[PDB]
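Read the single chain below, which is given as structure tokens and is the form solved without the named molecule.
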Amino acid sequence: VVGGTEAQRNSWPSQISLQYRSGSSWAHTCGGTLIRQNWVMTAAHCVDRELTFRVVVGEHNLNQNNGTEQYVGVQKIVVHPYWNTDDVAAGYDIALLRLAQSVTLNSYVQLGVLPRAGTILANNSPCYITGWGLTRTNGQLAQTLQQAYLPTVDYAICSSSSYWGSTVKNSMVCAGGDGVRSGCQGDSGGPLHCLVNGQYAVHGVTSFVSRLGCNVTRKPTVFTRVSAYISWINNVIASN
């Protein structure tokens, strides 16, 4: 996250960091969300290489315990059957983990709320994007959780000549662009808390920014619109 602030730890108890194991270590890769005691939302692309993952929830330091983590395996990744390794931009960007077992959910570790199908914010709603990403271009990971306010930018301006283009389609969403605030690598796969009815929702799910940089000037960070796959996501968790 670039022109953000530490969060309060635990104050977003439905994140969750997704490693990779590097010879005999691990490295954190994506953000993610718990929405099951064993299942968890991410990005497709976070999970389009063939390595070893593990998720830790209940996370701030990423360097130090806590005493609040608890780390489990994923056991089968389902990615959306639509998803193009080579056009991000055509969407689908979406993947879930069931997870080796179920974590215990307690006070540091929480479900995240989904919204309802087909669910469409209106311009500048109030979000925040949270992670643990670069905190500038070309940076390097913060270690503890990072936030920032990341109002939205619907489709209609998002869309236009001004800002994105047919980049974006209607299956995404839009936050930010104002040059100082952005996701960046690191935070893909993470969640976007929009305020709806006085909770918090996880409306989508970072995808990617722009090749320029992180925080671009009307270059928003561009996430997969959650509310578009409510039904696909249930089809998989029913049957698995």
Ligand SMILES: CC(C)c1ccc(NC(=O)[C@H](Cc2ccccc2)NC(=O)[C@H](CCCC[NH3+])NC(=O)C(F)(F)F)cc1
Given for the second form:
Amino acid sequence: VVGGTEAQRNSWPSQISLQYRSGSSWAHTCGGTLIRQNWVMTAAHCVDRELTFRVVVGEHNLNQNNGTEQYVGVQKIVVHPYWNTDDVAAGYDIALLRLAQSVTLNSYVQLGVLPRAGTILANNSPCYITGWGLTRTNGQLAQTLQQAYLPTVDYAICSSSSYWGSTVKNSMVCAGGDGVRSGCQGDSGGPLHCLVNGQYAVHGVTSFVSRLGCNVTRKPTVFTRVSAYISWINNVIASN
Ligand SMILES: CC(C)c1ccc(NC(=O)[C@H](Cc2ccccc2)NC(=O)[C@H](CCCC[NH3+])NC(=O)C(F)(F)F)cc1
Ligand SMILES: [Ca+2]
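Could you switch over to the form solved in complex with the named molecule, since the one displayed so far is the form solved without the named molecule?
Below is the entire complex, every chain and molecule, led by the chain shown above.
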């Protein structure tokens, strides 16, 4: 998160860190959203490498014991059947991970509330992106969870010439684009939380930014529109 602020410890409890095994250690690669005590929603591109992965719920400071973390292994990865590694602009950048154990819910670990199927947010809707990714373009991971106020840019505006054009599809949410605040590498998979009827709901899964830089005027951060995937999500959790 470029142009972010430090999140309070309990503000966003459905946020997880997706980490992979590096030598004796574990490194953060992506965010996610806890959606069931044993299921995480993240972006499909986050698990395209065949790495050993773990999820950390209740995490705040990556590099420090918070006294609130639960570590759980990933048991099963279901990516969207239509996801293509070579074409992120096609969409379908969503995956579901079955955890090896059910996590315990407390004020640090909560399930994220999903939107009703088909819900589109009006332009300039109040949303927040959270994550541990790069705080500058080509910078470094944050060690505490950051948040940034990122209002949505609706599809007409976002798919216009000036903006993402043809690269954005109606299965995506655009948010931000002011050249100051943005999602950046390592925030992929994470939540875009939007305040709806007095309730925060997870409307985006972070998917991409520009090839030119994270915080670029008129190139909003792009998210998988979660409400486009509610029947697939339910259908996976029911069977698996
Ligand atoms: C400055 C220049 C090197 C530059 C190049 C690319 C970007 N970023 C990008 O275009 C964004 C990174 C990103 C994702 C989500 C949120 C924020 C940022 N990258 C993506 O869309 C890829 C998805 C690859 C799909 C194929 N397997 N994301 C990533 O792999 C991740 F996790 F590291 F962030 C930003 C800057
Ligand atoms: Ca920690």
